[PDB]
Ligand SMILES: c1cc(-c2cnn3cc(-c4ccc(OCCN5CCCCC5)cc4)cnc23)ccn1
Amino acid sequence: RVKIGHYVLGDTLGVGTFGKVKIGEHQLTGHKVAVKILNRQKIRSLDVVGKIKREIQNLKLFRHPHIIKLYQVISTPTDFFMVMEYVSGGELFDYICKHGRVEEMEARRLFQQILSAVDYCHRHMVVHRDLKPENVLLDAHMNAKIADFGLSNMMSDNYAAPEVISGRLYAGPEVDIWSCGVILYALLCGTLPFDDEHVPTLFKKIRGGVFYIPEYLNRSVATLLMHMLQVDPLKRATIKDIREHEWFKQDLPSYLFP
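Generate the single chain structure for that sequence, in the form solved without the named molecule.
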């Protein structure tokens, strides 16, 4: 049984290809952390050590109320221990899959926190790492948190942008907006904007750029979504295009874009 300070490592929160994430618990106060364990032998084998090393150093600097905070890194000759903030409310996509669509006012609130987080990354993240929906979580207070814990791989019971699926070399921040578009749709509707049992038809839809907007959504939010999910990146919204929007400006806390 591995121990770090007063934190005793127990349950496995999520497993990725590079390593595992085990939840540790303070024995005295009951405070929880998330520890990403990265085996040296496994990551030398996958030849990704440098990339990870630099990702950690970058993350050390980060300071955002909606991105996962790295407290300290413990480096033993065999493993890397990344002690990070603990999240208790699981995935956002699982919450939507389980408890239906989100009330409009809450959909906006979560989306404001998410875009803020993506904006921080585009500003400070040196080499671009694409935003993935499975990396948007929820804390005890129902706030969105961006973390790489690999919960979607754990089992108990839209896919990619039009330029991504076309196989060309794409601009990351542009694909992130498209990715933020599907999340907003997921929030407001409870389903994914491009969805079909027949797979080749799914990609046709994504490349076609035509989707369904339910009658319960106003033109305002619909016209933001129609702008975020444009196939041609040259016409696709930027973060500031979203920030100047009628629907997005409403009840926006001024701290999210300082």
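Take the two forms, find the largest set of C-alpha atoms that superpose within 1.5 Å, and that set is the rigid core. Positions refer to the first chain, counted from 1. What changes on going to the form solved in complex with the named molecule:
Only one candidate in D119, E174, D148, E91 has its Cα displaced by 2 Å or more between the two forms after core superposition: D148. Fitting the two forms on the rigid core leaves the C-alpha of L225 displaced by under 2 angstroms between the two forms.
With the core held fixed, the Cα of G50 is displaced between the two forms by 2 Å or more.
Once the rigid core is used as the reference frame, the Cα position of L13 differs between the two forms by 2 Å or more.
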Contents of the next structure:
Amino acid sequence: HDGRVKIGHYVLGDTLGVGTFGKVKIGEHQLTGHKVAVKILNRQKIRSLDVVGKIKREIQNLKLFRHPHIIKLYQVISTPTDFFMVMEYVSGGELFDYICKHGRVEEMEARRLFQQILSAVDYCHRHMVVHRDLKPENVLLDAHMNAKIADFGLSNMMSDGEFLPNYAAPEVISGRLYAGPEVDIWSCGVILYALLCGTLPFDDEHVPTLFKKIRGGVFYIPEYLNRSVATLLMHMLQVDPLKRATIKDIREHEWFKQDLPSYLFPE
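Can I get the form solved in complex with the named molecule as well, since the one above is the form solved without the named molecule?
Single chain only below; no partners, no other molecules.
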């Protein structure tokens, strides 16, 4: 365009996010104008931290992902200085920004979106070569108001969005040994809570109250929230990882199972 901003059949445009190993830009197919999200991974930075083998395993794994609520990877072009991962672009932006701008979602809508998000999470638990911790900010919305999660491993490029940072599951901030899948449940309870209440369940610019609040596990349940969904939020936000719901427990909860497509949880 103005310069060397074309790669393959694509033209690169504005930066949407920055990550450890590079950045993600909006792109467009040069013949059709169709938008894509191009993660550009800086291979010298990869060599620097000596994670060449892990990056390649992750890219190879992600090439084969196929799930209706995970951003697709269309193509990978590698050059001596970068890998370009041409990915699906989704127009709705990030779920938390949406909620922030429009406030809470109606309950049925919260449940639709929640069932899509947890199916994608479960698929990642099953397929990521290495488990890494879900990042709530990676949950995005497509043009049809459906959830789409952007990959959140080493090549995660998800960077910022709005206003209302210090935030993690109880056992993580207490500096205890922990298991990724259990912390992911807690993070999904924070996502469900924000869809239903239009706020985070622990809010607090004072980073000690916040943390005490988190390990304390005290959260507000608005009057309009029913009790069948209140029990789910409580079992997902259990401070004690050994007491916290698993994905199977969520699957059997009455509020969740309502009107749930089977192809979302095969087995």
